[PDB]
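Here the structure of chain A is known, so what remains is to put chain B with the ligands in place on it, guided by the hints.
There are 2 protein chains.
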Amino acid sequence: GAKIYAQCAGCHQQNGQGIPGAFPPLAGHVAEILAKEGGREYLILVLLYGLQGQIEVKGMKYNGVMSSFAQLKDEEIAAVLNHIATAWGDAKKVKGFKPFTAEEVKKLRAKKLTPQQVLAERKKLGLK
Amino acid sequence: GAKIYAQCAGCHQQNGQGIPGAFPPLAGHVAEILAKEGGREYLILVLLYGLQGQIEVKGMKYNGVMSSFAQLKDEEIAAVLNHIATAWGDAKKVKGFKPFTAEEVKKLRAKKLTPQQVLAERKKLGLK
Ligand code: HEC
Ligand code: HEC
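As they're listed, the protein sequences go chains A and B. Everything in the first sequence is counted per PDB author numbering, starting at 4 for the first residue and increasing by one. Everything in the second sequence is counted per PDB author numbering, starting at 4 for the first residue and increasing by one.
Chain A extracted, bound-state conformation:
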């Protein structure tokens, strides 16, 4: 569950800062997405389905593509999330959130959505 995050070095970087300019800050930014309910739903989504479509995160906008892995077993995922949700301080800031879990992960394979579909649900939540 951090080893995973490691399987592809780069993208969102060992630091969570990822690498601003091309990948957004998971860095702490995961909280603000983890606050706003469903968020921990939006996140689940992302790795399973993929996301795309110009977006703004901490003002610097992005527009790129990010793939889904949706291969990693509900397990495999389930983790490399409470990992990016804690492993730079976030389970912190955010209220004692219930961690992640696999049934919830297959609970969504269902959804069987798309890179845009997915943005749509990032729309639902907004910002500031």
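FYI, nobody ran anything at the bench for these hints, they're computed from the structure. Wrong hints could be hidden among the right ones.
[Stated by the list, open to error] Here are the simulated DSSO-like cross-link-like pairs (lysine-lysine), alpha carbons at most 27 Å apart as the crow flies: (1) B:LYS76 to A:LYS6; (2) A:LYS6 to B:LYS109; (3) A:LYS6 to B:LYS6; (4) B:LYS109 to B:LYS127; (5) B:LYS64 to A:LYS64; (6) A:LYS115 to A:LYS127; (7) B:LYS6 to A:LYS76; (8) B:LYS96 to B:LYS64; (9) B:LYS6 to A:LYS109; (10) A:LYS115 to A:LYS39; (11) A:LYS96 to A:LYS64; (12) B:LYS115 to B:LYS64; (13) B:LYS95 to B:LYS110; (14) B:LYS39 to B:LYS110; (15) B:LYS126 to B:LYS114; (16) B:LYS126 to B:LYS101; (17) B:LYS64 to B:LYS131; (18) A:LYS6 to B:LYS126; (19) B:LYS98 to B:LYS131; (20) B:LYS6 to B:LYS109; (21) B:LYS98 to B:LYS109.
Quick look at chain B with the ligands alone, frame taken from chain A:
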């Protein structure tokens, strides 16, 4: 050594297409870089140090960026390095063609370059 290449959801893809404005295609596309006197180090630089800038993709120009695959060890890095290499029929073109002697690397591990910099070494070899 291709399992590695695998750790990466999306990216240059598997059919190794990659995808306009985003990630250029290596499938096919790597016949060329090898057929120069660096094409073969460089890859290591690309891989090793990062790459940033618009460039020619047997047609398109991307403005994308490529994180550094810093983190991986030496061996692993000649693996994929031998994979994108072989995987989509490119070495099946190139002469006195060799395996990414997991050494050919510690060999070019130094320069301590940088994205634009290797963006440089690119256009040195002679491209766009
Ligand atoms: C691995 C090689 C990659 C690549 C190429 C990208 N990511 Fe991700 N990513 C994650 C989350 C939660 C988001 C959303 C952030 C938000 O909504 O504010 C992102 C988003 C992206 C984008 C932005 C999409 C766009 O519209 O342009 C891009 C380009 C992107 N990523 C690329 C989460 C993660 C991970 C967490 C488990 C992992 C691993 C990755 N991303 C990996 C990659
Ligand atoms: C996964 C983490 C990724 C992501 C997001 C990208 N790559 Fe690579 N890549 C490789 C090579 C040889 C090139 C360029 C070849 C040439 O110069 O013609 C690329 C380039 C990119 C770019 C474009 C670069 C730019 O600055 O515009 C981008 C956006 C990009 N990649 C994304 C080689 C490889 C690999 C070979 C071993 C691997 C693995 C990856 N790339 C992985 C990723």
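List, from low to high, the hint numbers that the structure doesn't satisfy.
18
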